[PDB]
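Before any questions on how it binds or moves, here is one chain, the form deposited without the named molecule, in structure tokens.
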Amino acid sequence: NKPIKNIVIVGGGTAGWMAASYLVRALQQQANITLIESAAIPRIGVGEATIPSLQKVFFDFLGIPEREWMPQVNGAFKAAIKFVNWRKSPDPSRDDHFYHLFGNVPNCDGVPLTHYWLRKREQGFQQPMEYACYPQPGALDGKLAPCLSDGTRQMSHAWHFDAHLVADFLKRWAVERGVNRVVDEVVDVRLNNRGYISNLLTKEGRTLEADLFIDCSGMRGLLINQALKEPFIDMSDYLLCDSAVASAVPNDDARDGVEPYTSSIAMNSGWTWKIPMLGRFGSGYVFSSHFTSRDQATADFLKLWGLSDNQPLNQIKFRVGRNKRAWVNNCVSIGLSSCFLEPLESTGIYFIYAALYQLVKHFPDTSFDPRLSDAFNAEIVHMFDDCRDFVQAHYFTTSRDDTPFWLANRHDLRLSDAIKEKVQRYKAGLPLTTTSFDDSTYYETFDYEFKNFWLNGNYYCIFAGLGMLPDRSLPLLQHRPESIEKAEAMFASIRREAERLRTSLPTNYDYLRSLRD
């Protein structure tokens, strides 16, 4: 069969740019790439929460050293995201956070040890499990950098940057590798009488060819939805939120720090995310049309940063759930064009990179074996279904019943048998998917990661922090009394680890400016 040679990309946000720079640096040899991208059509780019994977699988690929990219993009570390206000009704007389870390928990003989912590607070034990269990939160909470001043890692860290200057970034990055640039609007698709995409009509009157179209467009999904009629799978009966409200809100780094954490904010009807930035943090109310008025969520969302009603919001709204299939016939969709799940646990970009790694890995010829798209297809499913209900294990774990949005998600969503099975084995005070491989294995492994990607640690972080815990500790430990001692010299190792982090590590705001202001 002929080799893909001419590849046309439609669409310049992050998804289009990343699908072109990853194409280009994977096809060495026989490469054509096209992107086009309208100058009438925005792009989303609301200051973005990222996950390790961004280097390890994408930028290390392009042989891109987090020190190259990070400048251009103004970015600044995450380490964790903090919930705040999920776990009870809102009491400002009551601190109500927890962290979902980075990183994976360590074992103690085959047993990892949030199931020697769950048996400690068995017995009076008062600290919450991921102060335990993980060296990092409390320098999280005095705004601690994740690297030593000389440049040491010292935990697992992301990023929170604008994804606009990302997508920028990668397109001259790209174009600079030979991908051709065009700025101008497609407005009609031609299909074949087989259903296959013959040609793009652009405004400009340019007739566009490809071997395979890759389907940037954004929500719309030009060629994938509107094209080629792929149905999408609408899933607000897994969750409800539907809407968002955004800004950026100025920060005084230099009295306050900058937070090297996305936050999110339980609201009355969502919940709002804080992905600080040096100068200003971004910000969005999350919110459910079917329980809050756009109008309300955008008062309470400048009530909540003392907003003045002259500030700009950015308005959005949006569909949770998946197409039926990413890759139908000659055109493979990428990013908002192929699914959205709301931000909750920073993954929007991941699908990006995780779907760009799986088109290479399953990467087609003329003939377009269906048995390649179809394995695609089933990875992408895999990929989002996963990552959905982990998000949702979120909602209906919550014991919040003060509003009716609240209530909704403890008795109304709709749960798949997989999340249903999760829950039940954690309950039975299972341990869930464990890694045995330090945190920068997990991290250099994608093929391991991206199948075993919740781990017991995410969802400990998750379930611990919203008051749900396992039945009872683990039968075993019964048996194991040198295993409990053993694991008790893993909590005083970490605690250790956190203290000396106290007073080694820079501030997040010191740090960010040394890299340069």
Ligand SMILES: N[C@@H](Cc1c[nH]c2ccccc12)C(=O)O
The other form holds:
There are 2 protein chains.
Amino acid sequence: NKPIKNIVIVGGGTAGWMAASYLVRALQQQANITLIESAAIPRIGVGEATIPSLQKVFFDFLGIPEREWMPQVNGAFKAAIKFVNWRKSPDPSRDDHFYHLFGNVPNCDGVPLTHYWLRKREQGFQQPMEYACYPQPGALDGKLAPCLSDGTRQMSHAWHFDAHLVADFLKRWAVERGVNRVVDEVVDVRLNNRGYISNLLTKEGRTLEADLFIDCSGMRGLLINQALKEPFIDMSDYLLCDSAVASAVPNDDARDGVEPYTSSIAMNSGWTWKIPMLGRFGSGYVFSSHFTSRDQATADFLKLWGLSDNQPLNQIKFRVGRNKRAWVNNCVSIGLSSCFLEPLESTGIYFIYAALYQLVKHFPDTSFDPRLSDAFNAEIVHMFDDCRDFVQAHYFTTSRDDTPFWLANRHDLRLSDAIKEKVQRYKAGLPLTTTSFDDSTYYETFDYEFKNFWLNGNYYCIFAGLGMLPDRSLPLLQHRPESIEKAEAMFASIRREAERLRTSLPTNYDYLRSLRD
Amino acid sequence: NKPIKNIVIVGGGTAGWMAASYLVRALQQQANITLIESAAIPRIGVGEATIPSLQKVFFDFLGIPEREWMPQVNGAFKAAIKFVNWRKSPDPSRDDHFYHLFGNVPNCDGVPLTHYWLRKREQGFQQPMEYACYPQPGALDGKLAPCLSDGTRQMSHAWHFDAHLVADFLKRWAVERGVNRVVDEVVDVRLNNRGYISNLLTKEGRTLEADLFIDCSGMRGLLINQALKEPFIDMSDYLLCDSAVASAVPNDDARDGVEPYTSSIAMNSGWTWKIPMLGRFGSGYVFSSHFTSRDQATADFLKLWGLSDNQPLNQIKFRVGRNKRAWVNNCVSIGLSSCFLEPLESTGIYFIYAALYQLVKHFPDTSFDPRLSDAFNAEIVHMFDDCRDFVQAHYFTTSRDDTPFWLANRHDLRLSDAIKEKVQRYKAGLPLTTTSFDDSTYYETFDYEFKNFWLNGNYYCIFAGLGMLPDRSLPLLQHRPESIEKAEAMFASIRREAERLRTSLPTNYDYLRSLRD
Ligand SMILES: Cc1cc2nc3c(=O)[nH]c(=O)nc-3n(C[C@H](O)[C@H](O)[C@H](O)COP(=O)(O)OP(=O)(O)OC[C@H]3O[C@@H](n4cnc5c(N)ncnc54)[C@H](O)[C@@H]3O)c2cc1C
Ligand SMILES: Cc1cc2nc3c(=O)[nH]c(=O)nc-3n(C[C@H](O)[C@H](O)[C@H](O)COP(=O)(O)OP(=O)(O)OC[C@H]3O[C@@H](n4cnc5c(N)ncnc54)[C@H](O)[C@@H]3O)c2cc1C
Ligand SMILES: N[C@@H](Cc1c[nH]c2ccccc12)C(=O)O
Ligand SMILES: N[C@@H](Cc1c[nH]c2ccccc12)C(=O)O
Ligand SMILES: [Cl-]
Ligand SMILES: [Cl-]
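Form deposited without the named molecule already given; the form deposited with the named molecule bound follows:
Zooming out: every chain and molecule, the one shown earlier first.
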């Protein structure tokens, strides 16, 4: 069979330029790549938060080190997401926060420290799980950098950056490596009688042909949904939010520091992200139009940050869900054209480079063997539905009951069998997926991470943070007092590391400044 | 001169039964009224939306309160029309909606709040005009009722109802009051040598005579057009749509609520109405056959609502325009026999009862003084052409350029001198017609409303919603800082009212249910 020679990517947002760059790198020879993007249709870039696989799967693949791309996108550091006011109905006299940290919780004799922590909690231990089981949360409270001043990494972390700048950076990178860029707008898509894409007709009268089409057109799914008619599976029965109101808010970094984490601040009818970088933070109130109006939600977002009726706002709507199939015939959807999940756990850009990784892993020839696309499609469904369930578990496990929105989340959601099963194991006191890999191994082994994306520590951060704990500690521990004492020594080491970080790390603001404004 | 004694109405649709009922009520003595309607020729009833004068001019005249007629027609509430995707080319990531609300915008020192809002917008104020100037749009977003649970009206509103049921209700009402109903079909119309209608010959061999004939035969204009040869002024040079594909779509009211407004959803080659009531919504894609085929437009309508190729559809065509004269000799046209304008601003049923009001105001004797019919005809021309221009202003002011249809609307329409003049005043920053009347006064003074049917607030809802704003705020305001501060207090009161409505109104679904399924 003839190899794919010509590839056309529709879309110049983060997805299209990630696609262009990943494919140009992956396809060393024989491929001609063209990207068409409209000057008239804006990209989606709100201020974006990411996870460690961005470097390991995406930039490392391109051969671009962190120090090369970070400054060009005004990158900042992200060590966690901090959930605020999620646990029960907010009270301004009470500090309700918890962290979801990157990285694996250590095991002690085959049992994760989360489980020894729970046994202590049964005996009256007061410290929250993540402060007991991870060395870094107090450092995040102190707004400390993830690295020593000399750049030596001290905790697993990822990035916050200007999403437009990321698209721009990759545009430059891809074009320089032979990617053909066309600034124009696709107006019609012709299919042959068999249902394959023949060509794209553009506003300026260009006819684009290719062996392979990558739909990066964003939520409109110009090829996959509109031309190819692939059903979008609306998952608004699983998750209620459908809207965001977003802006950048200036930050007084010299006075207030730069928080080395994304915050998720539960609101009345959704939650507000906060994504700090030097000089400002991206923020957006993700809300459900069924429970609040855009105008009301806008009042709230402005009130939250003391912002004026004059502050210009990025008003957004979205459909939650995914295509029935991500790749149909000769078209692969990547990015917002493929699926969307609210940004509660920073999975959006992950879905782009994870899908691209899988595309290259299942790369077709011009015959388009359906066995390849079937296998690819199955990977995408696992990836998405697994993240959807994880996000949904933040909502159905909450103890908040103060608004219609929170009550709906507690009572009215449709839950997959898979998430019910995980919750059941957790409640029984069983660990979820654990590994004896350290973080380096995990984050360097994407075939492992892709299929084991949420580990025991991830579930525990969320469920413990939200105040849903197992019915009991692991029965096995009752037989293992030596192991319990071994775990005590491990908790002691974590505390020692935390105290060392406290006095060793520069502030995030100082470190970012030393990398340079 | 001898009074009119015998009246024959041809047609049993909404127009004929409104005519029968209005005339039987108006003509207390000396009139004998017969209505002939064919069992073989269907009525036009799609699911219909109305305006407040329906109660004030029509049902109040009959002496029928809202609570008497509403339940019998499965009525629902309408507080606005919500225009979706009209402002620029649709993007599924963007919420493009605006409301056209019933009721007058308040004045502050002789200047409408729309104009203070514009001055704020010049200074960076971000809130849309209708959310600033009216207390109810956020309540409509929350699908709230127009009344408190005890029925106390909280905003100006009108109705959605089953149009067949309305015709049926009035049929029963009119017949009970002495209207003679004949189920038969007129097959020939005899004119005397002078051109007056002598008689109607029917299929069953009846010969109908009368002093006065009311043509309610619908678009065929059996008497006015076909027998009397009155020219129809085709206005397809002003407005491009000529077709609709319509259906009822089931609604999940318990899950999704019942929207207390009509929606106008701009499509590729026209727009789709949505008219909610309990259990379902009437919908129709109004389109231009010049830009799309009925088959294509049907695909779109089905796609819009996720409907099946098995869904039976009300396929419609129409001519836009009006007779050169509505009343000729002894025949008065009322309803679709007189004129048609696409339902963009819910004027169709208005044209019926407004025309009937004017008929009674110009009521003839058997001599048919042409001074009476001339005066009546002039009122009808003003009424129609004024609404035509208002509707047309939705089309020529749009910024959409994504289809041939939208481009034609921006560039290819013939505009009246009257509408050019209004647009010019608006662009100069001048208010259009304002009144210091409150809504109660306006809607109780039909001689005022009939001649001042679109006020400043109506034009501003549409032009601001579509994104065409004046070149500048009113120069006068530069001299009136105290007035500007007074307006601020008024905007503050509106916001307070909006927040009170948010927590005080029942949902529209709940309220309608309490009135009863
Ligand atoms: C509210 C919100 C918050 C988010 N937060 C995060 C986060 O914190 N972290 C994270 O990782 N991800 C986040 N995401 C996801 C992230 O923004 C997207 O995954 C990412 O930016 C890629 O978008 P995209 O390129 O698929 O689509 P878009 O940005 O919508 O780009 C679409 C491109 O296609 C072009 N186009 C469309 N139609 C045509 C046509 N007819 N002809 C030519 N060009 C066309 C447009 O011009 C544009 O270039 C968030 C998303 C949303 C909506
Ligand atoms: C697509 C569309 C959407 C609309 N939407 C709205 C809206 O949202 N709101 C609104 O207020 N209005 C709306 N209208 C207008 C509204 O439907 C009409 O104004 C109204 O229902 C009255 O119609 P009619 O009685 O004039 O004619 P028809 O309903 O066509 O009735 C004609 C009557 O005359 C009879 N007839 C015809 N010829 C003969 C004959 N030879 N002998 C005996 N009987 C005869 C028929 O049997 C029938 O009884 C819309 C109209 C259309 C076409
Ligand atoms: N395996 C992913 C899990 C993840 C996604 N979003 C997160 C946010 C916070 C912590 C972990 C995550 C990671 O460690 O990167
Ligand atoms: N004077 C009419 C104007 C009107 C017609 N159709 C409308 C639709 C929405 C708002 C106002 C209107 C009214 O207030 O009833
Ligand atoms: Cl995300
Ligand atoms: Cl109408």
